[PDB]
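Given chain A, work out where chains B, C and D should sit, using these hints.
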Amino acid sequence: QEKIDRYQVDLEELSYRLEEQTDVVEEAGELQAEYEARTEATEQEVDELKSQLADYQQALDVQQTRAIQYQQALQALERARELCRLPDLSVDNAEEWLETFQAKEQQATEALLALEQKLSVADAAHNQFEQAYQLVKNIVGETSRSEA
Amino acid sequence: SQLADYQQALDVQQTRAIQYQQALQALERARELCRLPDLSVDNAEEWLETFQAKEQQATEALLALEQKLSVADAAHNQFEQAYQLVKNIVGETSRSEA
Amino acid sequence: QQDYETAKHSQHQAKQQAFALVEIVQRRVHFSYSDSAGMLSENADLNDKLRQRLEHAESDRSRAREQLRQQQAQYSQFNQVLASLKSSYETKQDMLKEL
Amino acid sequence: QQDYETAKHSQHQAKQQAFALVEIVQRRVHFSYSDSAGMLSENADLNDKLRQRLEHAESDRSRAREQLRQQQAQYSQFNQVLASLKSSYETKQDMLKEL
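Residue numbers (my numbering), protein chains in the order written: chain A, 0 to 147; chain B, 3 to 100; chain C, 7 to 105; chain D, 7 to 105.
Chain A on its own, in the form it takes in the complex:
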């Protein structure tokens, strides 16, 4: 009788916890829906602003005249100039740099694969070590690798 009384009290407490967590989850779901609406409103505003800017600039950027096209080449050349440590980098001599850096890239990939082979074998060796460790732990329980 006493045992059943204890379990009934336990169930009462669990019911109170369930009520509290249900209320918390309902509040969280309401907040989640509110934030969904707020987010969708933000993308709506962003898309509207983008479309309106497109409409306003329609006439502006259509007549590019392939004349403001070359600044893109200028930015690309400069971006390579800082990225590639070649202040003398010229579109004329940039081909020798291209081939040399491609050679370096392929060498790097080969070294990467060489490292990858040994990395994989080492990781799998550690995996078998670990498997031995789990088997030992399951059979006997906690123990160090040295005792394994």
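Just so you know, these hints were derived from the structure itself, not from any lab.
Straight line, CA to CA, 30 Å or less: simulated DSSO-like cross-link-like pairs of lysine-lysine: (1) D:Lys-21 - B:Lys-56; (2) C:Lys-98 - D:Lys-92; (3) B:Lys-56 - C:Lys-14; (4) D:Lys-103 - C:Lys-92; (5) A:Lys-103 - D:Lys-21; (6) D:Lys-103 - C:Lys-98; (7) B:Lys-89 - B:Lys-70; (8) D:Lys-103 - A:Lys-2; (9) C:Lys-103 - D:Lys-92; (10) C:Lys-14 - D:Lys-21; (11) D:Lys-92 - D:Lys-103; (12) C:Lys-92 - A:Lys-136; (13) B:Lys-70 - B:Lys-56; (14) A:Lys-117 - A:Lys-103; (15) C:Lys-92 - C:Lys-103; (16) C:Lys-92 - D:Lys-92; (17) A:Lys-136 - A:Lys-117.
Under 7 Å between C-beta atoms, here's a sample of chain B residues computed to sit facing chain C: (18) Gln-4; (19) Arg-18; (20) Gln-21; (21) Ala-32; (22) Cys-36; (23) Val-43; (24) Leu-64; (25) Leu-71.
Heads up, incomplete: computed chain C residues facing chain A, CB under 10 Å, no partners named: (26) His-18; (27) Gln-22; (28) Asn-49; (29) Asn-53; (30) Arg-57.
Where a beta carbon is used, it is the ideal one built from N, C-alpha and C, also for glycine.
Then chains B, C and D, alone, in the frame of chain A:
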């Protein structure tokens, strides 16, 4: 942004075309190395996982090989002694069967 | 040792092939730039093609969004069932202790 | 693994540099007619102001998306604790009925 900023001036378009050419080159290179003219971007993942299994098999093999080579450091004497012990216990046996 | 050098060469072959396939996996999007490469070849008024590509991308993104949402719901369902099993196991184990 | 991580970083940087050089090679033709010029900054004022407003809207959208994601998270953990309580209560109720 490209449509809104049409002043972008096809720079991103140029970069994307260059990326497309690079991807074409890479796809051809893989079809060569993997020798898979039958190949597509959509289904290349399947051959990727197949060769992942292939590479795993090769690496597990070579792992057992690494262990065997490492234990091969055992000198000539141990093999002889074990062989003669097995012979004396069971009788004459071949080293392969020992 | 001979077989081991042979196996190492085979592993290198597998490594290079897998790396190449992975590289094309990364360039997956770049193959979508075939439209961009064709668009860039316009060399003239091409905003309408940009808008068409944008609409196609919107359709793809909405498809991916629905896929993600339903998969998230499925994962959440799996997670609640797992948590329910965890709690049930805890309770059963505690009763076993008490008995 | 540390060494391979460093090697992969180096490979990535080399690939980026090679791609930049390829970009220079491709845009050599555009450099060819670098002498050309055209009118600019006709409707820049309104365009610039609208760009600023759109940037503000995009930043607000990013904040909104971050809040949405995090709230999805906390809602998820709340649901998980709710399910754990459900399982505990169900098990204890079953056990009380058994007793």
